[PDB]
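Trainee: Listed below, chain by chain, are the residues.
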Amino acid sequence: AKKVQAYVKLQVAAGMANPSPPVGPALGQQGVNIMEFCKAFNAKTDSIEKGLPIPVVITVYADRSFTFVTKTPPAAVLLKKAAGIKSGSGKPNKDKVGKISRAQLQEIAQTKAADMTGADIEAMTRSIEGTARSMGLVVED
Amino acid sequence: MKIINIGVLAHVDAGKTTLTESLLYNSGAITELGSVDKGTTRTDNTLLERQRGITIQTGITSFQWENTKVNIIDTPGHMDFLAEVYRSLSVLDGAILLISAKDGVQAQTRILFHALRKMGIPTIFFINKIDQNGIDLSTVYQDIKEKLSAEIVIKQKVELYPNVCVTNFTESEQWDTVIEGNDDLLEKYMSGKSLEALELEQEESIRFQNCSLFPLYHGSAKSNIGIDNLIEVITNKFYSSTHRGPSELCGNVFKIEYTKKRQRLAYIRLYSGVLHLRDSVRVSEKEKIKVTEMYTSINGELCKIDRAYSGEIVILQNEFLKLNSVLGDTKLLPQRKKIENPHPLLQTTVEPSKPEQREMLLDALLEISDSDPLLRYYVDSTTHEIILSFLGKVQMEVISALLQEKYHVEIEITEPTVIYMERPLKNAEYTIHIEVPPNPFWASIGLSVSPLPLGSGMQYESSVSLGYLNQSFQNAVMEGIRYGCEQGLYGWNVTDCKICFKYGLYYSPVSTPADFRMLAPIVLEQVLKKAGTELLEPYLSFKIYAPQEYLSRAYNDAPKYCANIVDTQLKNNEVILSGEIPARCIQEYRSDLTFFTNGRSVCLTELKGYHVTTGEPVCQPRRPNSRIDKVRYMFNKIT
Amino acid sequence: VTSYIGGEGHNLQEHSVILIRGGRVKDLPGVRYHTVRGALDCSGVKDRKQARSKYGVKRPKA
Amino acid sequence: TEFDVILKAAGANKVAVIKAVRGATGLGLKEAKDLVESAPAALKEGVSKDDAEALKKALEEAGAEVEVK
Numbered sequence: 001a002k003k004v005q006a007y008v009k010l011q012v013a014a015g016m017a018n019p020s021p022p023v024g025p026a027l028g029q030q031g032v033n034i035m036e037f038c039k040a041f042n043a044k045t046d047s048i049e050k051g052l053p054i055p056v057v058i059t060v061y062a063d064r065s066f067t068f069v070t071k072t073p074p075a076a077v078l079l080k081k082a083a084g085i086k087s088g089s090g091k092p093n094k095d096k097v098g099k100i101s102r103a104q105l106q107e108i109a110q111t112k113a114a115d116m117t118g119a120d121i122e123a124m125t126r127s128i129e130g131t132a133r134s135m136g137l138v139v140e141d
Numbered sequence: 001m002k003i004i005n006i007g008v009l010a011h012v013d014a015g016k017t018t019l020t021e022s023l024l025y026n027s028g029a030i031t032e033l034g035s036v037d038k039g040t041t042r043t044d045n046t047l048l049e050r051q052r053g054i055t056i057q058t059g060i061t062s063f064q065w066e067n068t069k070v071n072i073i074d075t076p077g078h079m080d081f082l083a084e085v086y087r088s089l090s091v092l093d094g095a096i097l098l099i100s101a102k103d104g105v106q107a108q109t110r111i112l113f114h115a116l117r118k119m120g121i122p123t124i125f126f127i128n129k130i131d132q133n134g135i136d137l138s139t140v141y142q143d144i145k146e147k148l149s150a151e152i153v154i155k156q157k158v159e160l161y162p163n164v165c166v167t168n169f170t171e172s173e174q175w176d177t178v179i180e181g182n183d184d185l186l187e188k189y190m191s192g193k194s195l196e197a198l199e200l201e202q203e204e205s206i207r208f209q210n211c212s213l214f215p216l217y218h219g220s221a222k223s224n225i226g227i228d229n230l231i232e233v234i235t236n237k238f239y240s241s242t243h244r245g246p247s248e249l250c251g252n253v254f255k256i257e258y259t260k261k262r263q264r265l266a267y268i269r270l271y272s273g274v275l276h277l278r279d280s281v282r283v284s285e286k287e288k289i290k291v292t293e294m295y296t297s298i299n300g301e302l303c304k305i306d307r308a309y310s311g312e313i314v315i316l317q318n319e320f321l322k323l324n325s326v327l328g329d330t331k332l333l334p335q336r337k338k339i340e341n342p343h344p345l346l347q348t349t350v351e352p353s354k355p356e357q358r359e360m361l362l363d364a365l366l367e368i369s370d371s372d373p374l375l376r377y378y379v380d381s382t383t384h385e386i387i388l389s390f391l392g393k394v395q396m397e398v399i400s401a402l403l404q405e406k407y408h409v410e411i412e413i414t415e416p417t418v419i420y421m422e423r424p425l426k427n428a429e430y431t432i433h434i435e436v437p438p439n440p441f442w443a444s445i446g447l448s449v450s451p452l453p454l455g456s457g458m459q460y461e462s463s464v465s466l467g468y469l470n471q472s473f474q475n476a477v478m479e480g481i482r483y484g485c486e487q488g489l490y491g492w493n494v495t496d497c498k499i500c501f502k503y504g505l506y507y508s509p510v511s512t513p514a515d516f517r518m519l520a521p522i523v524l525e526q527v528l529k530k531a532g533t534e535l536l537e538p539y540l541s542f543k544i545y546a547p548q549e550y551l552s553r554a555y556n557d558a559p560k561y562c563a564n565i566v567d568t569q570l571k572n573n574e575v576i577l578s579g580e581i582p583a584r585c586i587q588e589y590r591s592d593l594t595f596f597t598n599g600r601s602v603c604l605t606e607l608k609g610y611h612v613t614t615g616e617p618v619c620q621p622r623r624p625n626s627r628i629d630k631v632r633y634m635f636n637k638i639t
Numbered sequence: 062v063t064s065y066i067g068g069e070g071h072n073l074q075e076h077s078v079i080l081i082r083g084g085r086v087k088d089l090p091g092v093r094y095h096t097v098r099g100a101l102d103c104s105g106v107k108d109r110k111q112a113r114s115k116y117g118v119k120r121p122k123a
Numbered sequence: 052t053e054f055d056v057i058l059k060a061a062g063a064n065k066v067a068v069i070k071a072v073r074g075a076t077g078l079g080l081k082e083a084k085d086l087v088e089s090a091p092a093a094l095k096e097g098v099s100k101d102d103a104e105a106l107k108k109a110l111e112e113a114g115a116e117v118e119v120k
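Which chain is which? The protein sequence lines are 1K, 1w, 1l and 1L, in order.
Residues 1 to 141, numbered by the deposited numbering, are exactly what the first sequence covers, in order.
Residues 1 to 639, numbered by the deposited numbering, are exactly what the second sequence covers, in order.
Residues 62 to 123, numbered by the deposited numbering, are exactly what the third sequence covers, in order.
Residues 52 to 120, numbered by the deposited numbering, are exactly what the fourth sequence covers, in order.
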């Protein structure tokens, strides 16, 4: 389990094959080819829904290519299609931009549990639901 | 008979051209001063050369050794205007670059060393300044292997100390890997057993023709140890001269300089045959052009000769001589060339001093075209501002120093034309009126310019219906609108035009097609006043290559540069990135890669994208316009 | 002298040494000469056809 | 993946072995020839069996012997 070397968690939507206006040089900052982030980046994207920004480990090695393990998309972009509104924070406590409820957000929580580190599902419920409070959203308990 | 010309690739101010002056003493005398420290003769030639510490252009001197001719010239490696040294590669297939003793061969010489591969002619490294402290007697020589990027090995090596052994080597046991590549030498390696090194010199002689590896060399010329015996190898290692005399004679020009005592002399090597003195010959102009005089360029002094040998190179006077002109025709040789990869290395103004004496300086600018061929200039600007194609910092000093001696004029300029392309900010109603409120001509039309996306250029359409649009007179309206696109109210050139003309009442008995052309220009200066002005500047992209270790230092230059970041990809140890910065500040970008790059910097770009726009104040360059009919009436429109 | 520039346009600017022929223009005051188009750096008028011996234009290649 | 790549002999095509060994470590042709006189000797150690199988199979085209380890 080697520590830090060159890996980063930054790329936009998974449906955007071979990004450049977003990431651009940042992924090409190492010796890895720009072609590596579309021909292989989509090899796992095809398994699930396209267009969802999913972070992935990029542990570059001297031997041309690199190992990688896909993770879980952030809950911020998850609060769009499942929340209706594409907006978020900006005006948190000053006004209610939207609201969902605990019956639904807790139902999505265990799908992300494969990446989350929690002793119990209830402990991982409010840590995700508490991120929507930063958005000004008011969960319906 | 003859002999190939020796090289002189003293890259990064290696002073290997100053080692050539020591070779003239070894070929001496029987009567010569023997050279001296500093300047110093050594075929210095033009004035203000050795006083500058380095020659303004590559020279030449006569010499011989081993019962063979051994012409050579140096250095051309200073700066800065190194493309001129590329023209000397045609003077001789030989090479003899002097790698520096400080950290291996200088990186600027690696560009001239990689250019030697494109020549297709052999070259050899030499241990210049071997008698000095910090020299890489066993460490820096390994750096020439990493920089050579091949398998060249020295034929001898020593470490000192007062000793300067050279023949004691070399490359025992392991040496001879180049023979392994030979189809014949690789078969002798299969037989095994020891063999004489002269036997491997035949297979190395085949590989020397392909220039597969630089011949070995060592010993600084200042120590006077190995600077003469190593010169004997140039006689045997150099390729034999292509003697013939069978005819018909052929050749091509190589270089020329406007000597004050000349006044002209376009020297050129004889590719084949020989030219009798005072006899006509063929040329590229397709006319007769006898050589009335010609002489060999002796290192100690010029010397006439009744006829050049075959394969020789010597100056000769003529009434005219285009650069690279066939002495046949025609020469049949092919090679790659470039002016250091730069169509324009930061143009700078050089307006001459004095209201009249500056004009005679313009004719001296034609004399710069008689010198180095990598030079160009044109008065494209309406002010006739100078725009020389020469680039580099120290290289400009020779062009400025030349003005203080060869002529009597000088100038200082650098900003250049701003290249503004102002566009209207928004579309607005306008009209030239009707009848005679009013001023000439009585014909009028209501121009209605509108905004357009950047880079779309000028546009117009004939909205008026016939016959009032005029099948013939309506075209003057467009030709007259174009007169108003030569400059806006701030004098900036018209951009993003979209003048869709509409109303155009006119009286027939007094109307003329010039009358509509005249009122049309006023519709463009009135409708441009409603635009409120919109200054914009070009922002062409400028890709550049920098070493990855210094690549992090190139991001600091980004905040100072007006350009925004762009995509780039690494390429092994080399690195590059796609920039895009405005041309007003792009000329200063070259200074940034010469410093932060440490000499490894390299870049290239070209103008593109009319869109830009930047602050502040929206300054404009006067003035537009004058020397045109009815121009004083546009002043009445202001009030 | 202030010789008139004949033909349609010219590449001349500021200096540009040119040959000068005689003959008054019978129109511009102060002018009694004509510029020799097609001589020296004074290039001839583009795409001339009839009367091309004047202005120095050459016989077309096509 | 650390099989030996010992070379028992250069074989009847010992000249061809000098190229397969020279490209096996970037060693010089002079040392690559004295190593032929140093036979038997390992050409490499710790290398993956996928790599040494290519350098060994190339020795089969030269008629030379090899000894995997």
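By construction, these hints were calculated from the structure, which means they are not laboratory data.
Heads up, a few of these hints could be off.
Stated by the list, open to error - Calculated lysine-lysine pairs in the DSBU-like style (CA-CA distance at most 35 Å, straight line):
| # | chain 1 | residue 1 | chain 2 | residue 2 |
| --- | --- | --- | --- | --- |
| 1 | 1l | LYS115 | 1w | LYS2 |
| 2 | 1l | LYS87 | 1w | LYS286 |
| 3 | 1L | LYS100 | 1w | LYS145 |
| 4 | 1L | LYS120 | 1L | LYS59 |
| 5 | 1w | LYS147 | 1L | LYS120 |
| 6 | 1L | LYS65 | 1w | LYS237 |
| 7 | 1w | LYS393 | 1w | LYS322 |
| 8 | 1L | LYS100 | 1w | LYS157 |
Unchecked claim - Partial pick of chain 1w residues on the chain 1l-facing surface, computed with a CB cut under 8 Å:
| # | residue |
| --- | --- |
| 9 | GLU359 |
| 10 | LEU361 |
| 11 | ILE387 |
| 12 | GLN587 |
Using N, Cα and C, we set each Cβ at its ideal position, and we do this for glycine too.
Trainee: Evaluate each hint against the coordinates.
Mentor: Hint-by-hint comparison with the structure:
At roughly 54 Å between alpha-carbon atoms, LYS115 (chain 1l) and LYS2 (chain 1w) are farther apart than 35 Å, so this suggested pair is violated. Distance restraint check for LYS87 (chain 1l) and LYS286 (chain 1w): the Cα-Cα separation of roughly 42 Å exceeds the 35 Å cut-off, and the hinted pair is therefore not satisfied. The hinted pair formed by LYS100 (chain 1L) and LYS145 (chain 1w) meets the criterion: a straight-line CA distance of about 32 Å does not exceed 35 Å. At most 35 Å may separate the alpha-carbon atoms for a hinted pair to count; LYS120 (chain 1L) and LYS59 (chain 1L) meet this at roughly 11 Å.
Taking the CA atoms of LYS147 (chain 1w) and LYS120 (chain 1L), the gap is about 38 Å. The hint is violated against a cut of 35 Å. Between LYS65 (chain 1L) and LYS237 (chain 1w) the alpha-carbon distance is near 32 Å, which keeps this suggested pair within the 35 Å criterion. For the given pair, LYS393 (chain 1w) sits about 28 Å from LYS322 (chain 1w) by alpha-carbon distance, which is consistent with the 35 Å threshold. Of the pairs offered as hints, the one joining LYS100 (chain 1L) and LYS157 (chain 1w) is violated, with about 41 Å between alpha carbons and a cut-off of 35 Å exceeded.
The closest approach between the C-beta of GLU359 (chain 1w) and any C-beta of chain 1l is roughly 6 Å, which is under the 8 Å cut-off, so the hint is satisfied. For the restraint placing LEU361 (chain 1w) at the interface with chain 1l, the shortest Cβ-Cβ distance is roughly 11 Å, beyond the 8 Å limit, so the hint is violated. The beta carbon of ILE387 (chain 1w) is not positioned within 8 Å of any beta carbon in chain 1l (closest approach about 13 Å), and the interface hint is therefore violated. Hint status for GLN587 (chain 1w) relative to chain 1l: violated, with the closest Cβ pair at about 24 Å, above 8 Å.
The structure is inconsistent with the numbered hints 1, 2, 5, 8, 10, 11 and 12, although it conforms to all the rest.
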